[PDB]
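Novice: Okay, here's what each chain looks like letter by letter:
There are 2 protein chains.
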Amino acid sequence: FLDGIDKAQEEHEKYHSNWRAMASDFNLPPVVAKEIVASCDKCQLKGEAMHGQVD
Amino acid sequence: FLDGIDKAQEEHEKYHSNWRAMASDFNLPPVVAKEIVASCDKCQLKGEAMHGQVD
Ligand SMILES: [Zn+2]
Ligand SMILES: [Zn+2]
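If you read the sequences in order, they're chains A and B.
Mapped onto the authors' numbering, the consecutive letters of the first sequence carry residue numbers 1 to 55.
Mapped onto the authors' numbering, the consecutive letters of the second sequence carry residue numbers 1 to 55.
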């Protein structure tokens, strides 16, 4: 569980975009791969949340 | 993994807000509990994403 995530966790590269590849590389069910996406803010949120303010 | 999520998965009640309680109830590491939060859109996104449009 946590140990698999530590080795799987790395820089936000192309592997982060395709979480399915990581699950196959470690042969783990999408459950562990999805958690990494949830922890990585870049992989979780796509566009910006609020528009901020109008200048 | 997936089987634990099916039993853990339910309606968005108070348990969904406190994911730590669910992990203790099933004695599973925050990894499985976090995945449920990532899958449940209500638990994942807090406020609204884009402001939509200005009327
Ligand atoms: Zn990432
Ligand atoms: Zn929920």
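Warning: the hint list may mix true and false statements.
As the list makes no split between identical chains, a pair holds if one copy fits it or if it spans any two.
Calculated pairs, BS3-like style, for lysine-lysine (alpha carbon to alpha carbon, straight line, at most 27 Å) [unchecked claim]:
1) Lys34 / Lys14
2) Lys34 / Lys46
3) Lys34 / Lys7
Everything labelled a hint here was simulated from the structure, so no lab data went into it.
Novice: Against each hint, give a clear statement of whether it holds in the structure.
Specialist: Taking the hints in turn, this is what the structure says about them:
no. : hint          : verdict
1   : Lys34 / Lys14 : both (15 Å within a copy, 23 Å between copies)
2   : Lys34 / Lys46 : both (15 Å within a copy, 18 Å between copies)
3   : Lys34 / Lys7  : both (15 Å within a copy, 18 Å between copies)
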